[PDB]
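Colleague: Model the placement of chain B with the ligand on the given structure of chain A, informed by the hints.
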Amino acid sequence: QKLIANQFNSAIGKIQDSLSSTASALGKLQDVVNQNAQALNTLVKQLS
Amino acid sequence: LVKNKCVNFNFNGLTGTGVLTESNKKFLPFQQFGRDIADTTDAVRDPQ
Ligand SMILES: *[C@@H]1O[C@H](CO)[C@@H](O)[C@H](O)[C@H]1NC(C)=O
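Heads up: the protein sequence lines correspond to chains A and B, in order.
Per the numbering used here, the first sequence starts with residue 3, numbered consecutively.
Per the numbering used here, the second sequence starts with residue 4, numbered consecutively.
Among the clues, some could well be false.
[Said to hold, decoys possible] The following label-pair restraints were derived from C-beta to C-beta distances:
1) A/41 x B/6: 32 to 40 Å
2) B/45 x A/13: 47 to 55 Å
3) A/31 x B/22: 21 to 29 Å
4) B/50 x A/27: 26 to 34 Å
5) B/7 x A/18: 47 to 55 Å
6) B/19 x A/41: 52 to 60 Å
7) A/18 x B/15: 53 to 61 Å
8) A/28 x B/43: 29 to 37 Å
9) B/22 x A/27: 38 to 46 Å
10) B/50 x A/31: 45 to 53 Å
11) A/42 x B/9: 45 to 53 Å
[As the list claims (entries may be wrong)] Far from chain B, by Cβ distances over 10 Å, these chain A residues were calculated:
12) 11
13) 46
14) 50
The hints are simulated quantities; they were obtained by calculation from the structure and are not laboratory data.
The beta carbon of each residue, even a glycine, is placed where N, CA and C say it ideally should be.
Isolated chain A (complex conformation):
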C-alpha cells in the first residue's frame, strides 16, 4: 500500500509541475478561442 501511495503522490506532483512549467499543453482550448476571434474580426473588417 505504501508504495502505491507514494507513486500516486509523486505522479500528482509531477503533473502539477508539468502544467506549471510548459505552456503549449492547452492548444485544444486556445485554438477554439482564436478561431472565434478571427471570425468575428474578419466579419467586422468586412465593413470597409
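Modeller: Only chain B with the ligand this time, still in chain A's reference frame:
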C-alpha cells in the same frame, strides 16, 4: 459640445453617433483621430 449624452457629432468631416466622455487617459502628441484593432474611431481631439 455636450458630453455624457448620446449625440450626433461631426468633427472636421468625420461623422457618427456616440457618448462623448472625458478621455484624459489618452495622450496624443500631434495626431487628430484615434483608432482601435478593428479600425474604428474611439477618441478624437476637440479642434476648438
Ligand atoms: C480658440 O479660441 C478660444 C477663445 O478664447 C481660446 O480659448 C482657445 O485657446 C483657441 N484655441 C485655438 C487652438 O486657437
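Colleague: Check each numbered hint against the structure and report the violated ones by number, ascending.
Modeller: 3, 4, 6, 11, 13 and 14
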